[PDB]
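Here the complex is missing one protein chain, while the rest keep their positions.
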C-alpha cells in the first residue's frame, strides 16, 4: 500500500510548485504525523519537512505544508533554487505502521544555457587482441538532459552498434551521458574517419577520431 | 375396611398465565443496604 | 513501614530469674509478631511465631503472649544457654522490620572501676598526632559515663561480659593534633559511675614528667 | 560523526541467503529504534522490518514476506537484516533508516544504501582499459562487468576535483560498462603519474592501470 | 538437618558491584520463600529482600533503602541463590544472612502467617574506599600515677589500621590474666584503631619486662613494641 | 465542544505509536457509561504523594495461593426431544406433563434472574480507592444481626460476586472487609496503581478470589475471622450448583441447631457460612449465564432452584435476610402449571424419581406459603405411599430420606401459618411421621449426627408428635458403647432437641397441633374422628380416660380420646377405666378390619417403644404374620387404639 502522489510536476523560479499527497482517512486525515523526504538521484534522502509546516534545523523558509482534510500538500514557497530532486510522502498508518508515497519529480525551468561538453577517446592503446577495442564518447554538463547521439563515421552512418546511457544529472545540477560505440570488427581494421555526433536542441557539436 | 388414603384436596388455583413481568418484580432500580 | 520498639534496652538477671521482654508495635498488627534469639558470634535462632506458638525443639521455659499493639516474651528458670540478644519481628505488612533488640546478661553486685590515664608516648608526638586513653577495668554494670573535660572529638569501646567475673572494661580514646597538644593543658577524665559516690577525675597538662 | 552506513551484501541467486548488517555510530543506539527502507531501481520506496529499542516489538510490512528475519544487539553497534530464500527477483536499494524517537513518527536520519541484485546470471569480472590523454582530459574505462556497484576510486586519493564518473550503459548483452574522466593540469603531465584504482566488490577483483600521454 | 552455607563476601569500593551466594541442602528450595537479612556491626537486624515461592513464580521484593539497587537470582535444578549487589554505598557494610521462610497456616493464604526458621552462616560485605595498610603500633606507657591500689595495667595502642582483623598477645602469650583486648572502632579517617590492656602489679614495675606482640596476617605485619614508663 | 474524540499517543520506546478513540461513536453503540463520570473518578491530576498514601492504605497479601481446580459439568446436555420454553412467553400449552422433556432458554431466563439493576461497587472508604463505580444488573443477599452493628451484603452479576462484611464496633469505627469471587477474566475494573495478583488470595486456572480491605480493618478482623480459604475456594469451584447449595444448607442447619440463629457468636465458621450463602446463589446464576444462548434443562433447574428457595426461606427465619433477584417468574409459573398435570392424592403412585422431581416443583411453583394449601396432599401421599412399602421400624434410606425431605418443606411452610385449611392432611402427615420415629430411627440419626452427611439433615421425628424425647431417654439409645468418640454422643443428643425448633417462633403462632397438663404429654395420636392424647396425668378434658399398668416406680401412663375433636366441659369424676385384655383374634386374617386403627407397644421400664399406624392390608400382614407380638416378655404390652375411641390390649393370637 502506497500514497497516491502526482507523477511529475514542473515549476519555474518563483512560488511555482506546492506538491501534494493524499492517502487513507486513517493514514493522513487521522493524524498530524505526515512527513516529507527529498532524495537526489543516487544519494541518501534526508528529512525535508517533519510533521506538517514543522521544519528541522538547517532548512530555508520556503519548505512548508498544508493542513487539509486528508491531503498533505508540501509547500515550496515563492523562491526556487535549482532543486531537481524526487519528493516523497509518508505518514504513520494505523494499518501499515509506515506507508510511503509514490514519488514525484519537480523540475525547475530556468537558466537554459547548457552547451554540452563532449570528449572522445581513441580505442584503448593497451589492448590489442582481436575483437577487443571499443570506442568511448563522453558527454557531460547539459540541460534539460534530452540529447540525441549518433555516429556518422563516414558518408552515411552504418549504425552497427550504438548503446547510450540515459541522461543522469548529478552535482552542478546539469545532466551527463555516455555512448560507447561497441564495434571493433567489421569496420575498424582499415578506414579513413570516424565521428561521434551530439545533438542538443540543434547543434553541430561533434568529435572526429581515426588516428594512425 | 378400606385402606388408608389421603384426604381429598381442592384443585390448584389458576395462576396468571398473562401477567406484566413488571409487577411480579416492581421497579427495575434497587439500592444495596 | 511499621516500627518496632523493644524494652528495655539492657537487662540483667542471674540463673533462675524470670525475665520479660516487651515489644511495642507502631500500629495494630494482630498477633503477626515473631521472636528470634541470636548469640554473639552466631546466626539468629527461631524461637516463636504468631506471638504465642513455639517452634518444635524450643524448651518450655520460653513463652510469650500479647496481641495487637503490645507483645511480650517471658523466660522462666533462666538457663546459662539463654544469655544472648533477642529480637521481635513483624510479618504483617511490607516492608517487614525487626526490633531494636534486648540484651540479657548475667547480673552481680556493683563494682568500682579502676581508672587511670596514659599520656601519649613521645613516639607518637614525633609523627604529628597524639592519643590520650582513659581506661576503666572490671566494673559493673555496663552503664558508665566517662567524659573528657571538654570545658566531643572522642571515641570509646566496651568489652563484652567477662565470663569469669561478669564485669566489663572501657577505653575512651581522645585524638588531638600535635600543634593543639602543646598548650591545651586541661586533659581530665570525668568518670561517673553508680559505684562511685564521688566522681574521680584524672587531670593532667602538657608538663614534662 | 553521525555516520549510519550499512556493510551490505552483493548479488545473490534467487534461492539464496544474505545478512545485511547496518552499522551505526555516533549517537546513542539504545535510545532510538531502527528501521529498513528499500528502493526499487526505478522509483519505488517500500518499507521493511521495524526492530524497536532493546528488541521489544518487531514489526513487518505486508509486501515483505514476513520471512525476512531482523535482529540486533546494542552491545556491538550494528543492525543485522537476515534475508532468507529471497527467490523473488524483486530487488531494491536497502537503506537503513532511523526512527526519530520520542513521540515523532518520522525519520530523522538515513543511511547510504545497499545494492542487492538478484538474477540468474553469474558474475563477470571487469576488464579495465586505460584511455589516452590526447588540452586537459584523461580517461579510464571499465568494460564487461556484472553486476553493479562498481565505484571508481581515482588515484586512491586524488581529491574529487574534476574526477567525474559517468553512469553505466545498458548493454544488450546484459553486462554493464562505465567510464571515468579526470581533468589534470595539462601544463605538465609527466611531472607526476595517475592511476584509476577501481574495485568490484560483487566480484572481488581489483585491477589498476596508469595514464600515459601521447607521443 | 538443613544447611544454608553461604559465601561470596569480600571488600568492595563504594559504588562497586558484589555478588553473594547461598547454597541449600535438606529441602526443596522451590517450595519455600527465601529472604535476606543484614546486620550492621554492633547494630540490629534489617530486612533486605525476598524471593517468592514456586506457587508465586519467583518474584522479588526489597526494602525501601535497597530496592532500586539489588537483584535476586534463583538457580533451582542445582540448589543456588544469589543476591547481586549494585551501586554499593557505605551503609551496606553489614553481615548479610541467608534466611529460609515458611508459612504455618497455609490454608488461610499468604498474608502474614510466615516466619524464618533456618538462618545461614552469614556473609560479610565491607564497603570502604581504603586499602591494605600496616598498623602503626604505639605503646601506652605505664605512667607512675597508675597506682590503682597496686596495679599498673600497661597497654599498647594499635592506631590507624584498615585491614579488618588483628590479634594481639603479651610476652608471646605468656601473660593472659587481666588481658582486656577492646574491640575495634572505625575512626573518622576510615581506619580502625583498637587497644589492648593487661593488668600487672605496681610493685613489679622495673623487675618484669612486658612486651606486646601485635601479630597481623592481612598486611603480613608483626611488631614487638616494648613499653616503658614516662 | 462535546465529548467527541481524543488521541492516545503511546511512547513505545523508539517507535511512538498512535491511537484514536472517539467518544461520540461508541458512547451510543454500547451505552451505559459516561466517560466524564470516570474521568472525575480516577484523580487524573493526583500527585504522587496522594497516590502512594492511598496505595499503602489498602492491605495487600504477601502472595497468592495457587491451586488448579477443575470445574464440573453442571448443566447437562439438552435431551433430544425437549421443548424450548421462553421464560417471558409461557402458556399452559408449552408443556404436556412431568414425563415430557423440557428446557428453558438461557437468554430470557437471565433477564429474569437479574431483572433488578443497581450500583454494585459503592464509593465507601475501602472500595472507592480500588475499584471503579460499576452499575450492572445484580442480585444481592443482605442481612444484619447485632442491631445493624454487623452487616453483610453479597452482590453478584452473571459473572462475578462480591460480599462485604461491615461491623461497626462501639465507638463508631466501621471495619469493612470484602471478598470477590468469579472468573479472573471478568473481575471488575481496577483503579489507580492497584493490580490483581497482589490482591488475589487464591487463583485457579480460570477463577480467582480477591480480598479488598485496609491493613487496620484486616488486622482487627484477623482476630476472630481466620477462614480456610483453601477449602473455601476448592468447594466453590469443584462442586456443582445443587451439591454446593445443599452443602451450605447443611451447615446453616447446624448453626440453627446449637445457638446460632438466636445468638450469633461472631465465629470464623459463622462469617464463612454467610459468604457461602451468596456463593450458593451465585453458582446457580453463574452456570446459567455461562451458556451461549442455549437452554437449561428443566430437571436441573428444579434441582437447583429448590435449594435456593429453601436457602432463602431458612435465612428469613434465622437472620431475616433479604434476597432480591434470582427468582424467574417464568419458572415459578411453569412449575406451578405443572401441578394441574398431576393428581395430588395419587402423587405417591409415581416413580421414585418422578416423586422427588414433582416435589421440587411443588416448592418452586408455590414458594409463598398459602397460595395453594393442597400441596400437602401430595407430600402426604408420598409419605403414605412410602410407609406401606417401608420395612416397619427400620431407618430410612438416603433416597427415601431425600424423597421425604424434599417434600417436607411444603409441610413446614404450612405449619408456619396461623390458620390452615388442610387440617386433616396435616394430622395425617404428623401421624405417619410419628409412627416412623422408631427407636432404630433415633439410633441411626444420633449415629448420623456425627458422621453421616444426610442422616442429620432430615428425620420424621422432627415432624412427629412424640413428647417423651428427654435428654435422659435419648441417651438410652446410643449407637455403640458410647466410648467411640464419646464427646460426640452427648453433643448429638443435646443437638437433637436443638433441631426441635419446629414452631419455635418470632411471632407467637404455634397454635396448630384442650388439655390442662401441657408439659406432661407423652404422645398425641390423631385418627379419624378421634385423637388420642397419651399423657402421664389425669387432667385431660377427654371423652374417656384409660390407665395402663405403668412401671413399678411412680410414673403413670394415661391416654384419653376426644370424640370428633370436641372436648367435654369437665374432667372425669370416677376411677379411670382399666384397659381390657383380649385374646380372641385370628393371627391369620382375610380383611383389614384393623385398618384405620393405631397399634402401639410400650415397655414398663423405658416408657414407650413404638407406634404403628395400620394403613393397608400389606401393613397388617407384616404385623400379625411377623414376630412383632412377643408375649413371653410380660412387661411388654401392646395397646390397640380404635376409631370408636375404644382402647384394647392384645394379649394373644391364634
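A few notes on this one:
We just call them A, B, C, D, E and F in the order they show up, numbering each chain from 1.
The rule is simple: a residue touches a chain if its C-beta (ideal position, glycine included) is under 8 Å from a C-beta of that chain, and two chains touch if they have at least 3 such contacts.
Contact with the omitted chain, checked across F:2, F:293, F:569 or F:633, is made by F:2.
Touching the chain that is not shown, out of F:21, F:502 or F:653: F:21 (per the contact rule at the top).
Within the complete assembly, residues 1-13, 17, 19-21, 26, 29-30, 32-33, 35-36, 38-39, 42-48, 51-52, 55, 132, 189-195 of chain F touch the chain that is not shown. Contact between chain E and the unshown chain involves residues 61, 64, 67-68.
In this section, only the chains that are shown with their structure count from here on.
Counting C-beta pairs in contact across C-E and across E-F gives the higher total for C-E. Averaged C-alpha coordinates give centres for chain B and chain F that are 20 Å from one another. Per-chain Cα centroids separate chain D from chain E by 64 Å.
Residue numbers of chain F whose C-beta contacts span two or more other chains: 18, 62, 222.
Looking at chain D, residues 50, 59, 100, 104-105 sit in touch with two or more other chains.
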